[PDB]
Amino acid sequence: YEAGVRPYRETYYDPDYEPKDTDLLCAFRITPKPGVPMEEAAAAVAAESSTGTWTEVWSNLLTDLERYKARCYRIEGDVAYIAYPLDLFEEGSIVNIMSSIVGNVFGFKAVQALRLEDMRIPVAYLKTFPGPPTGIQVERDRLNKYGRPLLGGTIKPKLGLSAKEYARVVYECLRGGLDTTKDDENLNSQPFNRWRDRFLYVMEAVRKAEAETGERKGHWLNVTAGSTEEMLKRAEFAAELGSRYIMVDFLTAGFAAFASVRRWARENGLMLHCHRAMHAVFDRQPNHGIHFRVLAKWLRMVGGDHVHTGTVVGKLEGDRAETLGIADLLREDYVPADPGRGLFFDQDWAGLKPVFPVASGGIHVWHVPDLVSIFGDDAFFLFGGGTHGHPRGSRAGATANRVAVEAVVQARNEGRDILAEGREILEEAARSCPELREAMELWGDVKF
Amino acid sequence: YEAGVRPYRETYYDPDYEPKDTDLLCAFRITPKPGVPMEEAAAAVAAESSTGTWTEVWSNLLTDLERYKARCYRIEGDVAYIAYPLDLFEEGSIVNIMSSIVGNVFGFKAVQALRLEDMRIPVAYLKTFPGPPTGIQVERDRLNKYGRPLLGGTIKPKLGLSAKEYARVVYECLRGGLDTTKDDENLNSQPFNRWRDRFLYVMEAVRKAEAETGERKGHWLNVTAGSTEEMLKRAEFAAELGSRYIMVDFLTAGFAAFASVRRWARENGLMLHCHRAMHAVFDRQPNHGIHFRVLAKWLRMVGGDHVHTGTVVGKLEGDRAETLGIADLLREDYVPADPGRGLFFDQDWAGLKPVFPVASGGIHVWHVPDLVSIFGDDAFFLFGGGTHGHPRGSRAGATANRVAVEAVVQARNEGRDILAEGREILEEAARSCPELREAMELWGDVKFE
Ligand SMILES: O=C(O)[C@@](O)(COP(=O)(O)O)[C@H](O)[C@H](O)COP(=O)(O)O
Ligand SMILES: O=C(O)[C@@](O)(COP(=O)(O)O)[C@H](O)[C@H](O)COP(=O)(O)O
Ligand SMILES: [Mg+2]
Ligand SMILES: [Mg+2]
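Residue numbers (my numbering), protein chains in the order written: chain A, 1 to 448; chain B, 1 to 449.
Next comes chain A alone, as it looks inside the complex:
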């Protein structure tokens, strides 16, 4: 034992280290404090997210730190690659992953900015997670909906509607052609719209639209609440009412409570829509935070049946190439690394079920060719304002959106160039769909 401060890089930078298949790997984009070399900043991150602290401690000799320490094993420009032994992590706990990987290292004086870009979850650790409770293919079977994107939409105004008027809007949307509708992420239980009232009114409207259309419907009833116990109480009521779905804001509720609801959802046979509210607080800026592709991996591990991925073309920010990579991470059995999409690692998904991407936010009929081109069939497209903002209201808007999606799907199946002919495809459909004609006219001037 030699007391005293040593540079972090002495113990935690090891560019000769060869990662094991069981290691968890991180790619961090590092902005060192001016004067601090990349090697020392990267080693600081490795040390303070695994075993080390700021000075040598006598108790380091009471264990084999060579067995347990994280190691920065590669630095490419400002990207540091760090390997973490499998033994460092609690089985089945995303919460533990976060507590190590993003716990303290984003606040060090020596590292002025830090962004977690990607993470390689090893198969041996992935096997301790349950994954989605339903999965894309089982969900399609429960809905009896194949060969096309699924249609949804958030009820608007976000807040302020009574339970009765809220369910009226739900009914009009489902009756007009949407497969699903959803509570806004911030609609939980409030004086103007209490959750028990909303759940009862809405399921009546869902049943009525299902009977009248002859198609299966769902509403994503938001069980997000102030405590885990309260969330599970709201889920139980949704199950009692025969809802196919519940919805959780998995980041604002938090991963521990999210895990509790996932367990409940699987055991009670309901599908779990996951809203990513708060994600942009820390995934927006390229110099600091956690890229969404990491959150998407953690989501698939805990188990959501859908998660929002962005639209690329709508009102909220989202890079096209990054979104294509995120879609693959959610849906495929194995995703090879791709620097063009910010996928720093190969990701084997170890047989876990796939997750539906959900494209929502500021989209309307003119975006449908782009969205089908981006996502293919296995996605939800959500039209909130793009449904209720139709000149003739929600039911007509739902018809316009549903017809537009089916027209573009048909064109793709016929081998047409759905981007090169997108407007022509929509105009053909509009000739026998007045609602689509009226939607195209209203929003023809609205781009982001």
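It should be emphasised that the hints constitute simulated quantities derived from the structure, not laboratory data.
Okay, the calculated beta carbon distance ranges per label pair: (1) A:215 to B:76: 46 to 54 Å; (2) B:241 to A:215: 53 to 61 Å; (3) B:204 to A:332: 46 to 54 Å; (4) A:233 to B:146: 36 to 44 Å; (5) A:194 to B:241: 35 to 43 Å; (6) B:424 to A:33: 28 to 36 Å; (7) B:204 to A:2: 28 to 36 Å; (8) A:339 to B:142: 49 to 57 Å; (9) B:336 to A:373: 52 to 60 Å; (10) B:424 to A:2: 27 to 35 Å; (11) B:22 to A:194: 15 to 23 Å; (12) A:16 to B:204: 39 to 47 Å; (13) A:67 to B:417: 45 to 53 Å; (14) A:33 to B:373: 23 to 31 Å.
For each residue, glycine too, the CB sits at the ideal point set by N, CA and C.
With the hints as your guide, set chain B with the ligands onto chain A.
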């Protein structure tokens, strides 16, 4: 009903609005996309965090939007003030506050960066929250410790120690003078150290150190786990073993599970240490995120008995003036606005109990004058590496740290200027304490900016 897209500012910018005492107020620092005026960007934030969306909807006429909409009511440079009616929020739910205020508005194309600086929680909403399960004054009575900062320290190395060796370090620290010790935030249950074993070994060491010193001791047993059910299972065992404390990483576990643990702690009579792991992921940068003072307010509302606040002088970033304001938000009954410290609003705490600030991270004996100057008596100072890194180990390090704090507190109560006379106060104590002498000698040239 007029269909089509309107500017957000038409409905959601109201510079003549006078906030009500029941309103929830937010101060956002807004960086608009180039070409987007501040009024439109601020109105977009107000709209998309309350009632609006990107195009006019027929259902807007099915309610009274004027009664429920949020309104940007003042702009000062790049800071927009937004008022939210009380009816918009679910009683007792921080989760609901976040889902509205920070739910989607940080990801809009029209607003390239956004930072929530402060939030005025109105009294009528605050009354629906329970606050800390113990509180500073009740906690001091439970510990029978008065008139000084309390001493703690994280066990090191962070991970890798067996339960037996882990508790050996705990015992040496508590025996040497620390009031408490704690699990690292990332020590939960792992192959080298399972939580049931750790809880048993550690509580034996706590009881042994309490019997040999004659002073009450505690260890912050981390119950942070993958699910709410598992966290409550670990808390139960901590209570069965007679621990005074449990610990939760309230942000990585999340606020819904945090509230579940707070309720458990109050009902089972255990004190709740709250670690802010992950906070810097979104409170570090000045252009985008949520300032920690907002997280501190939410923490006191749900109810933690301590929360980390930073050290200012240690290894992790923290601004001195902002930290002074955060300490006041955690401890005082009422906190007036203070632009010089980033407190944009008066905050009435409506009778809620206060929270212990906790200063931890890279600090050693030379930082003690600054730490007592910044925080006063009602705080914990934690020395992890600053204890176990002593030339003669944890027991000697704990004595050095305890002696330094009591000397600086002594000199302060002696009318001395502990900042100007800091080096001399420590050296006077170093003459009668060789442990302190060796600590000061070892870390003399270890400085953080
Ligand atoms: O609150 C909203 O804005 C929405 O209901 C969209 O409403 P519109 O359909 O009326 O735009 C969705 O929650 C966002 O799209 C979520 O963003 P993301 O999908 O990027 O998480
Ligand atoms: O993991 C660590 O670094 C610590 O155990 C400090 O160890 P040392 O005492 O050896 O530095 C604490 O968790 C940090 O202080 C937390 O940061 P904050 O208090 O700013 O949340
Ligand atoms: Mg929404
Ligand atoms: Mg720690």
